[PDB]
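In this view, the complex is presented without one of its protein chains, the others remaining in place.
A, B, C, D, E, F, G, H and I label the chains in the order they appear, each numbered from 1.
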Amino acid sequence: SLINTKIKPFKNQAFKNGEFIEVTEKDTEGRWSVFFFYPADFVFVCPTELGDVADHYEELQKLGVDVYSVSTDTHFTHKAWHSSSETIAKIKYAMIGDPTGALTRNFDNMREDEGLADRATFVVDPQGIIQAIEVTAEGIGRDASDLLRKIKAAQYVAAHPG
Amino acid sequence: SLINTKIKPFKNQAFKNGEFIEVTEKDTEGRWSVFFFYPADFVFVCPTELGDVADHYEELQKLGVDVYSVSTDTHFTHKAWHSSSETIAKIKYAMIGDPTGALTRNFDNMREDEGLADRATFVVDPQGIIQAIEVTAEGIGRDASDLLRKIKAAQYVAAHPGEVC
Amino acid sequence: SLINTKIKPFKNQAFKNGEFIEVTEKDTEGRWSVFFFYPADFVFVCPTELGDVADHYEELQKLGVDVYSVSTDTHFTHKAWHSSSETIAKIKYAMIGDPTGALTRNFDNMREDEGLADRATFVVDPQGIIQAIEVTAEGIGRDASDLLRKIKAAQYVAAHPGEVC
Amino acid sequence: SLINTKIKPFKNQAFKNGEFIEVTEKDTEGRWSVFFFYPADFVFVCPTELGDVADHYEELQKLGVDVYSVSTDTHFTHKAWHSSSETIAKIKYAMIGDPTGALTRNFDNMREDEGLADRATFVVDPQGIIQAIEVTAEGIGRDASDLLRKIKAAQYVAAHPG
Amino acid sequence: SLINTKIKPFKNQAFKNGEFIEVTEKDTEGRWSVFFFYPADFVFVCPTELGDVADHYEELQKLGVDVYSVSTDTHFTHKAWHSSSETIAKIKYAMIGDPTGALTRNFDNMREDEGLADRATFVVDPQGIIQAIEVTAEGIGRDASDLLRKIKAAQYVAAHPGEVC
Amino acid sequence: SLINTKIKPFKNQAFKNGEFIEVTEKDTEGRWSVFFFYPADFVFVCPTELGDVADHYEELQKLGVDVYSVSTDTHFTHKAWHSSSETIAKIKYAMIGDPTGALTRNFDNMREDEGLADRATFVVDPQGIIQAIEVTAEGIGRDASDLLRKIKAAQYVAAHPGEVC
Amino acid sequence: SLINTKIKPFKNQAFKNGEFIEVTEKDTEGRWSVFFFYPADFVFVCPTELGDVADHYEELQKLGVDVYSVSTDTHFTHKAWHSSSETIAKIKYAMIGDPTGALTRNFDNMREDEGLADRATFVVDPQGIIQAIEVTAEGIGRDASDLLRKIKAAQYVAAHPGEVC
Amino acid sequence: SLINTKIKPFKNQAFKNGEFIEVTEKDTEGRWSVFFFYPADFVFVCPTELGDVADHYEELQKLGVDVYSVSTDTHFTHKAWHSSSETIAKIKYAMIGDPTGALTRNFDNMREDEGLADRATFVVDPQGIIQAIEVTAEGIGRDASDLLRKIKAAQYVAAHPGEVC
Amino acid sequence: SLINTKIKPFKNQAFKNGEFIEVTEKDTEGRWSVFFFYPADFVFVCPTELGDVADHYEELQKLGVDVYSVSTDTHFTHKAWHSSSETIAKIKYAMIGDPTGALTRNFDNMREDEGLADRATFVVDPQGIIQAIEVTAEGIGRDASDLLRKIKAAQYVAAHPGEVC
Partner (left out) sequence: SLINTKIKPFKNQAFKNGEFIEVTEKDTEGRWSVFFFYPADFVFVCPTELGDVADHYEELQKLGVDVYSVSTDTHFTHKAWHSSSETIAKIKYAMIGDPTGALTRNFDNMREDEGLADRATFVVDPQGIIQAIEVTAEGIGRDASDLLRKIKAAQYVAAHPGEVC
């Protein structure tokens, strides 16, 4: 896996609380980042995983972690979904659009026969090193609280080596 | 260009009148087809071009011409756009989703830097042969009337070999 | 397609209003150009497409648009055709001869098994960027009016960055 | 990642409750399997991750899941460790030795510059399809209870499609 | 040179005495053939070399010799030239169009930077073997009389082995 | 074999008298070295061979000969084995761990199917040159006495060039 | 063919008027040259082609034209033939020996399965440019009178550029 | 090393007790073999190693072990050396000549810059599997007694599967 | 060298005793052959080597030995030389012409920068095996008497295998 490797450079468009912005690897430097990948916008399962992360976001602006959700849809589509789904509307973190699939492939997380990303979460430290990885098949949800545990543990070790 | 070449096999999901269907090159054999590519769903420009084709769909269907719009968005996104936009809600033809980019690349129509299809229209005859191509840069609009005129000329020469418009 | 790519360097001989001249990509720099390809001179179909463009040349010249028709025939043949055909005689724009096929291959527009160019039109802006492409099979005519519309829209977008027609 | 792919064939030696046995891909066919990788035997952190999994093993023989722990040490070393560490002594599941690194590389989980496996866990269904993946850097422990959650969810979806 | 090699298969369209026909290597089998290449139709030099061969065509047909003139122009252009040049109008042998240049390249006779054939003449016997070759720069005419002489000498040798003429 | 070749650079962790150290080829330069490879720690055979070398370590050290045992096990495992086995507890020389297999492959001594090193001993002189090699199949024991005799002969010829034992 | 290309550098021995000399491309610079290839010396056919060229040598020299006959025989053999044959004895131009075949291959004129040159004549202008080529099979003689005509036409065109009738 | 690999096919000439014979891998099948390589015949060091092995040959023959000494010298040289050296005269086992170096390279035992074999001994079981390898630099003698010990241990393990000495 | 190898197949023309004949490897089968190469015919050095071989031809024929002299000249040239030179006129063995150099290259005997064969003699036995080779630079003559000696020794060994003194 990509555990303990450095994230690669990227430049993508995103939707965040009503505005369109640019996100690059430079925006992660000096912060803790969570890259939350999912298959697609607008499907019919309510996105509890995205919503669950939203519930913990305040607590996530925190201990110092930025959250970037990612799918191969465009930022345009994320904006639409943010206005259509009451669950998605709760999202205050950046929703990255990855139509070329470069971000997804950077994290080796593309389902090539579908053009969609797999359900994978990555925790990246201020130096751009992936410290935790979680991937699940459709139907097996990711628990945000548990994500938080890992992140706290990740932070301790980093300030208390060993 | 791809003029006078045969379309390649494909298999995609599409949104057509409230449902999700599967389209393959098999559905196009024996029929006249229009592959109408566009960059993306939900952009802030009014999808005038797509609605314009909708306006002529009845006459196209009367002439045995199927229409397929294509974007690298998913069919899920097409369903939503169809239920959010007044213009897009007028569409009764299949709205193909091409998230792998395969269909778009079959027609050599990908803006590889952006992961979106260029604004191109292809007219395919019952034998799978491309008989008319139109591509334009962003901001330059496609006139459905011109497309319709071309289709009629194409169908005419097919019926009257060695005779031109 | 070649949409939004830069045209390539080329050097060809041409016939323009009684004279033989040389044309290169350098003559297109800073201007709007229309490259109008067609199969061959002297066939038996009235060359309505070329004459139709000639009818609009005056107006195109007002918009600062140059027109170059292109076939794999020589400039000598274009001169001869310009004196035998009353329709071709109307042409005041450059008729480029492309016997080596290099211009045609630059625009990836050659029918290799025939040694003739496909019926393709390309609109090129002052920076050498292709902004509109139109290709059709034999029998399916190109409407010059639709070409003008496209050129005007192209000029608008270029002078009003961040707008669509 | 390897999410939703089929595990590869393998043949390894292992230690399980006092006996040496052989494990092959054939031993996983028709069962749910958990492949628990770790860096090395005998280091000085008490292996709470391995012990935590042991605590849930009974409950793990279960709902029908076999547990295979894996490191690039030999089975001989696992036997020794099982007699030296009171925590390791609690282990009743198979301890696979992977000295050639083929199992570890099958799961693309080798730290090539060290010759040790990364801390990764994989959940494999009866048909050999990886349904859940978890990887963490040193210092960030894996919670066994949480592993169990994923496995149960994995099992539901598989018997209740969608 | 190609002396004593066998001509290669070819398929070209041609203009011959008012009609468009097809010519292939199969049409040369069992006959004496003259392949007469020239740069282009409609240039401003009198086509006297071609006219000179035309003057001798009667006599060549008596000797059982077929004549094929070849240029990289189309057969459509040969027809036009045949109606425009009083000299070309004398031509009753086949005027082959070679727009793809394959026939010209078969005889290794293409000026690649121009897309035109060099002024080369080849004499081919009933078995498809090249028995005489003549190539000249512009201005150095090819004499049909000398051509006839060579063909008669070639025909003699073929009916009287081990003797030179 | 690797006889008369120079050892390659390396960097490994080892267990030596209660502590963890790092060994590189730098530690061997200027000294006589014995690289004693074995398949694995904790097997049920009494590591008679390793203890046998321990028995001669004092005399080896007196002769300026360092010893390094090597296995693809980690140095953590060596520490444990050293504290579990009476025989292994007698060892005062470095016990190198080679989990990447790099050191073992430098000496072309890997059983690639098993990931364990073959039973081989290498004698390296102060210049890094291999002067004696011994390899045996499982069950065939290595005699430390023979190794000691060889080292003495090796040191002798180094001191008395052009003279043999 | 080699038409309109520059001759390549060469250095050969030759027999000329009772003497052995060296000939190189530098001896052709600034002059009109005729390279006359033939299969072999001493065959039993009267060497009428060489003698015919000999008859016109005086006159060619007046026009400033040098003649070099070439075969893959040595210059030694040319001397002998020049003393044995009454027809060859009239030759006053240089007889080049080409045993390595490098001159012959420069002119692409070797019958590889025989090691002999084909019956080819090349006319080279003062700048080393091949202006006329003639090749024939055995039995089909080369007419010196026709050669002379071509050379005069070549000289004319060169001094009166595009002054065609 | 070559430990636990199968020996390769070979065919060499040899001297054995007054006779010249041929030796191949087929002669080793079903027997225990010792391949004893050394640099060269006739050097000035007493060939103690070879004589030492000869002293143990009787006993080795009892254990069903064949001995083949090998150098890149010819069998002729071995015969000569066997008659000049009182030590070599003791040899009753086959002295293989390997002038082409193929046997030596089979055991990857050639000093390529010298054309001589390194001092290596290999013990091969009835199935052609190398069970012990010993290689030393010049000056470091091989002890035949240690060789015997190894062979006996090798025979034990082979007859008592799952044991170690 | 080619020593102890089999001659290769060849087919050449030759002059022999007033006649032109064909020679192939089949004409050498069952006989002893001498292939005598030399640079060229007609040089001004007295061809003493060929004449020396001629003097011994009778005697070589008694021993059942055929002689083939070879140069890259044609057989036509050999006939001429045989009629002009008193030394060459004594030659009754076959004079092979090798214009393509294939015979000469078969014997690896070509001076590539000259197109001539080196002064080499090869002795070939009834089975086509080269048994003696002699090559010399210009000025260093080949002695026919020494050749004869070698041929007799070759015949002896062939009929009395390893009967050496």
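Annotations for the structure displayed:
To be clear about the criterion, a residue touches a chain if its C-beta (ideal position, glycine included) is under 8 Å from a C-beta of that chain, and two chains touch if they have at least 3 such contacts.
When the missing chain is restored to the complex, the residue among H:81, H:93 or H:107 that touches it is H:81.
Residue H:114 is the one among H:19, H:22, H:59 or H:114 that touches the chain missing from this view.
One chain of the complex is left out; on chain H, the residues touching it are 40-44, 72-74, 76-77, 79-81, 84, 98-101, 112-116. Touching residues on chain I toward the chain that is not drawn are 1, 3-4, 45, 108-109, 111, 118-120, 129, 131-141, 143, 146, 149-150, 153-154, 156-157, 164-165.
Note that only the chains that are shown with their structure count from here on.
Chain pairs E-G and D-F differ in how many C-beta pairs are in contact, and the one with more is E-G.
One simple way to say how far apart two chains are is to compare their mean CA positions; for chain A and chain B this gives 34 Å.
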